[PDB]
Amino acid sequence: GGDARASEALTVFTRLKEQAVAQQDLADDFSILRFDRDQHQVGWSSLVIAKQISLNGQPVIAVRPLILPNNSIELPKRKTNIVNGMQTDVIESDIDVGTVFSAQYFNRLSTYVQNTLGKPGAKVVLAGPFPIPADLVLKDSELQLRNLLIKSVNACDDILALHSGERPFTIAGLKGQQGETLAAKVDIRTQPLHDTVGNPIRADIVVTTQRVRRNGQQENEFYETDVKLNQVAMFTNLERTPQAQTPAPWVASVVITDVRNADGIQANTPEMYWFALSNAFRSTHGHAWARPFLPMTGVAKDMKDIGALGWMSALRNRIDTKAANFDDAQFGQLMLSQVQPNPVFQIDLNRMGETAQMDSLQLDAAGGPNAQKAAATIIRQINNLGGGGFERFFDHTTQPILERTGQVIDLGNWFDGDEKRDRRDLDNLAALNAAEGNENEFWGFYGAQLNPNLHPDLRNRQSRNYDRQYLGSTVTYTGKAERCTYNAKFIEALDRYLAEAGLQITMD
Amino acid sequence: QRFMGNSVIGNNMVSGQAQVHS
Amino acid sequence: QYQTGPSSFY
Amino acid sequence: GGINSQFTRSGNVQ
Amino acid sequence: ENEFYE
Numbered sequence: 062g063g064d065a066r067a068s069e070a071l072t073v074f075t076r077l078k079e080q081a082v083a084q085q086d087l088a089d090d091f092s093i094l095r096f097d098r099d100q101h102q103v104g105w106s107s108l109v110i111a112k113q114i115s116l117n118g119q120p121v122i123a124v125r126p127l128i129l130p131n132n133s134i135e136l137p138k139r140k141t142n143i144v145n146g147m148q149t150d151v152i153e154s155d156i157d158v159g160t161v162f163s164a165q166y167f168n169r170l171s172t173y174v175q176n177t178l179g180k181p182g183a184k185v186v187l188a189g190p191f192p193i194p195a196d197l198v199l200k201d202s203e204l205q206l207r208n209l210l211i212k213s214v215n216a217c218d219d220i221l222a223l224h225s226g227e228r229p230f231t232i233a234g235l236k237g238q239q240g241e242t243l244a245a246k247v248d249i250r251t252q253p254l255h256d257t258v259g260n261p262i263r264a265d266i267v268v269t270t271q272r273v274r275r276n277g278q279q280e281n282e283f284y285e286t287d288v289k290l291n292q293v294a295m296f297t298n299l300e301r302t303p304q305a306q319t320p321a322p323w324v325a326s327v328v329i330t331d332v333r334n335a336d337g338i339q340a341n342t343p344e345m346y347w348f349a350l351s352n353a354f355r356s357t358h359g360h361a362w363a364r365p366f367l368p369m370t371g372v373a374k375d376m377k378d379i380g381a382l383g384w385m386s387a388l389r390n391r392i393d394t395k396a397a398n399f400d401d402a403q404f405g406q407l408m409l410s411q412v413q414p415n416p417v418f419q420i421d422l423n424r425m426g427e428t429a430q431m432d433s434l435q436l437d438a439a440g441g442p443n444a445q446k447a448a449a450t451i452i453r454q455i456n457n458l459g460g461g462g463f464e465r466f467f468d469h470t471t472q473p474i475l476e477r478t479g480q481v482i483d484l485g486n487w488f489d490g491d492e493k494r495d496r497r498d499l500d501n502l503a504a505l506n507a508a509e510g511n512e513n514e515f516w517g518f519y520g521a522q523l524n525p526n527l528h529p530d531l532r533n534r535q536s537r538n539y540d541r542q543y544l545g546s547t548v549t550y551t552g553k554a555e556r557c558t559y560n561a562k563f564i565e566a567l568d569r570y571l572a573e574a575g576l577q578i579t580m581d
Numbered sequence: 590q591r592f593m594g595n596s597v598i599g600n601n602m603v604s605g606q607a608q609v610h611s
Numbered sequence: 622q623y624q625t626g627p628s629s630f631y
Numbered sequence: 048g049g050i051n052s053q054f055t056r057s058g059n060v061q
Numbered sequence: 280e281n282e283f284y285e
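Protein chains in written order, with the authors' numbering: chain A, 62 to 306, 319 to 581; chain B, 590 to 611; chain C, 622 to 631; chain E, 48 to 61; chain D, 280 to 285.
Check each hint, because a few of them may be wrong.
Stated by the list, open to error - In silico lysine to any residue, SDA-like type, Cα no more than 20 Å apart, as pairs: (1) A:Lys246 <-> A:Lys184; (2) A:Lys78 <-> C:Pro627; (3) A:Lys246 <-> C:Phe630; (4) A:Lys289 <-> A:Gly240; (5) A:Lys289 <-> E:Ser52; (6) A:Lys289 <-> B:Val609; (7) A:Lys184 <-> C:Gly626; (8) A:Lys562 <-> A:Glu476; (9) A:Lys553 <-> A:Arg274; (10) A:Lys562 <-> B:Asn601; (11) A:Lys212 <-> E:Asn51; (12) A:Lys374 <-> A:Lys493; (13) A:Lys553 <-> C:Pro627; (14) A:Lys289 <-> B:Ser611; (15) A:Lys78 <-> E:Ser52; (16) A:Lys212 <-> E:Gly58; (17) A:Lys562 <-> E:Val60; (18) A:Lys184 <-> A:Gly226; (19) A:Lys446 <-> C:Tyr623; (20) A:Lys289 <-> A:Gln279; (21) A:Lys553 <-> C:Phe630; (22) A:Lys184 <-> C:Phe630; (23) A:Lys246 <-> A:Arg274; (24) A:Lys78 <-> E:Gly48.
Calculated from the structure, these hints are not laboratory results.
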């Protein structure tokens with residue numbers, strides 16, 4: 062009766078911290094502690110990185126817990142009952158990392174930290190949990206652990222500085238007064254992006270913001286000084302409106330997966346999040362959201378084929394791409410005749426990701442007991458970013474900011490033949506391609522996602538069965554995420570407010 | 590009861606076009 | 622439902 | 048560039 | 280109390 066994935070991790074982290082301090086990379090001002098599950102009676106053991114300062118004589122402690130799930134032990138499952146006619150049955154669900162980190166868990170962690178550090182009445186502030194995925198060998202993953210430790214220290218410094226109170230980041234200071242301009246570059250990708258711990262993330266459209274400083278006969282050709290600010294990963298999905306059979322049958326919804334800053338920038342502040350998120354709306358400058366749909370020349374993975382859209386069209390068969398006659402001449406005609414011109418913007422909020430502190434805030438703003446406070450905080454932050462007077466473009470009193478669609482998305486990875494990929498590659502188009510002519514199977518798959526009648530546990534069961542049926546037997550789930558839809562007017566108001574606030578971005 | 594589609598996705602759609610200096 | 626978690630803002 | 052010097056969070060990266 | 284622990 063013992064746990065062996067905590068002591069080894071603690072030893073590795075202590076050695077890494079010693080090495081980093083030796084190389085003059087960090088400062089010996091933080092502590093690393095172990096949260097054993099055996100002597101605290103908690104679901105999962107965790108590692109906490111605590112850094113403390115003093116504010117007006119009151120000690121303040123910032124903590125960044127790291128959950129350590131283990132595959133050698135099984136947590137008890139959750140039972141639910143549903144009724145069908147005269148018979149009742151029991152469904153056995155599964156428990157994720159997110160449900161483990163509850164209020165009681167954080168309370169016990171804070172009490173333990175306060176007792177350990179010698180300060181019983183010290184204030185404790187969270188900095189954002191980040192679980193360490195299982196099936197990861199700690200012996201040969203030193204680089205990821207080092208980067209994660211550095212990022213955790215940076216996050217603790219960020220939250221401490223935010224609590225202390227510093228100058229907000231504003232776009233008025235981005236002028237540079239040196240005759241430079243900001244340019245935004247769009248990009249279409251096919252290989253998934255990677256997290257700080259190697260977790261793949263699906264990313265088809267990437268929007269970045271750079272600084273263009275070409276003044277004159279500039280020297281240092283082919284050399285750039287970290288001219289990059291933001292990066293947003295987006296991918297498009299198709300949704301079908303319930304109309305019986319001039320409006321196009323399908324409507325395109327764009328999902329935002331990851332928002333992050335440049336690698337060089339070591340600071341993360343709330344006003345940077347909105348500035349980075351404002352780049353999402355710029356993807357509609359030249360219908361760039363439709364670029365991944367066009368066929369590529371030479372290869373055909375047959376997973377993202379757009380010809381499947383003809384399965385439910387007036388003609389039963391599928392439209393055949395990869396043909397000599399087919400080109401961009403009638404690809405536009407197809408998109409005009411079967412896709413709505415305007416897209417929809419959605420975000421996949423995750424309470425355990427790197428940007429947990431904003432995903433939780435947006436989830437609270439979407440709906441709950443803390444609905445007014447979150448909206449007021451968001452409005453205050455947006456006012457702080459770029460001067461003020463946001464009331465002229467938006468009115469949070471009588472206008473929702475974020476809306477919850479009641480959809481839960483699993484987070485996992487499946488090992489393709491070549492390399493590990495992301496579980497979110499399976500979408501409506503992928504399912505339509507998988508089920509060639511069987512309309513009933515596609516309708517069942519679509520209902521397994523957003524059926525309001527079905528219990529969420531049953532929908533999750535059907536979604537887990539479909540993934541095994543289509544993708545393969547190598548699927549490995551890692552977490553949970555929730556999908557939300559932004560207000561249509563909010564995005565436009567934010568974009569117009571930033572544009573009027575002296576921000577000028579040029580591109581193709 | 591059988592699913593038929595999303596009757597609420599069509600309410601939120603961007604009407605304007607991205608504003609860039611170009 | 623609408624389960625919530627700790628928030629540093631409030 | 049100047050952003051890092053304006054905030055100066057402890058812990059060098061890259 | 281002590282949920283998720285046996």
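For each hint, the structure was consulted:
1. The suggested pairing of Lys246 of chain A with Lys184 of chain A is violated, with an alpha-carbon distance near 44 Å, which exceeds 20 Å.
2. In summary, the hint linking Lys78 of chain A to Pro627 of chain C is not supported, as the alpha carbons are separated by about 28 Å, beyond the 20 Å threshold.
3. Restraint check: the Cα-Cα separation between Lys246 of chain A and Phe630 of chain C comes to about 34 Å, which exceeds 20 Å; the hinted pair is violated.
4. With a C-alpha separation of about 17 Å, the suggested pairing of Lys289 of chain A with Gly240 of chain A holds against the 20 Å cut-off.
5. A distance of roughly 16 Å separates the Cα atoms of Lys289 of chain A and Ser52 of chain E; the hinted pair therefore holds under the 20 Å criterion.
6. Using a Cα cut-off of 20 Å, the hinted pair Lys289 of chain A and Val609 of chain B holds, with the two alpha carbons roughly 18 Å apart.
7. Proposed proximity of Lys184 of chain A and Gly626 of chain C is supported: the alpha carbons are some 18 Å apart, at most 20 Å.
8. Distance hint between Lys562 of chain A and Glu476 of chain A is fulfilled; the C-alpha atoms sit about 13 Å from each other, no more than 20 Å.
9. Using a Cα cut-off of 20 Å, the hinted pair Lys553 of chain A and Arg274 of chain A is violated, with the two alpha carbons roughly 42 Å apart.
10. The straight-line distance between the Cα atoms of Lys562 of chain A and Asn601 of chain B is roughly 8 Å, inside the 20 Å bound, and the hint therefore holds.
11. Among the hinted pairs, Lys212 of chain A with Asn51 of chain E is consistent with the structure: their alpha-carbon atoms are about 15 Å apart, no more than 20 Å.
12. Proposed proximity of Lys374 of chain A and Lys493 of chain A is supported: the alpha carbons are some 16 Å apart, at most 20 Å.
13. Between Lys553 of chain A and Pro627 of chain C the alpha-carbon distance is near 17 Å, which keeps this suggested pair within the 20 Å criterion.
14. For the proposed pair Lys289 of chain A and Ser611 of chain B, the alpha carbon gap of about 19 Å is at most 20 Å, so the pair holds.
15. For the hint linking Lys78 of chain A to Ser52 of chain E, the alpha-carbon distance of about 24 Å lies beyond 20 Å, and the restraint is violated.
16. In summary, the hint linking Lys212 of chain A to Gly58 of chain E is supported, as the alpha carbons are separated by about 8 Å, within the 20 Å threshold.
17. About 38 Å separates the Cα atoms of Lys562 of chain A and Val60 of chain E, which puts this hinted pair outside 20 Å; it is violated.
18. For a cut-off of 20 Å, the pair hint linking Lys184 of chain A to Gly226 of chain A stands: about 16 Å separates their Cα positions.
19. As the CA atoms of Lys446 of chain A and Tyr623 of chain C are separated by approximately 16 Å, the hinted pair is consistent with the 20 Å bound.
20. Under the criterion of a C-alpha separation no larger than 20 Å, the hint pairing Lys289 of chain A with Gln279 of chain A is consistent with the structure, at around 18 Å.
21. At most 20 Å may separate the alpha-carbon atoms for a hinted pair to count; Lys553 of chain A and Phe630 of chain C exceed this at roughly 23 Å.
22. Only pairs whose Cα atoms come within 20 Å are accepted, and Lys184 of chain A paired with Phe630 of chain C is accepted, the gap being roughly 14 Å.
23. Among the hinted pairs, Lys246 of chain A with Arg274 of chain A is consistent with the structure: their alpha-carbon atoms are about 15 Å apart, no more than 20 Å.
24. Restraint check for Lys78 of chain A and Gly48 of chain E: the C-alpha separation of about 27 Å exceeds 20 Å, so the hint is violated.
Consistency note: the structure conflicts with the earlier hints numbered 1, 2, 3, 9, 15, 17, 21, 24.
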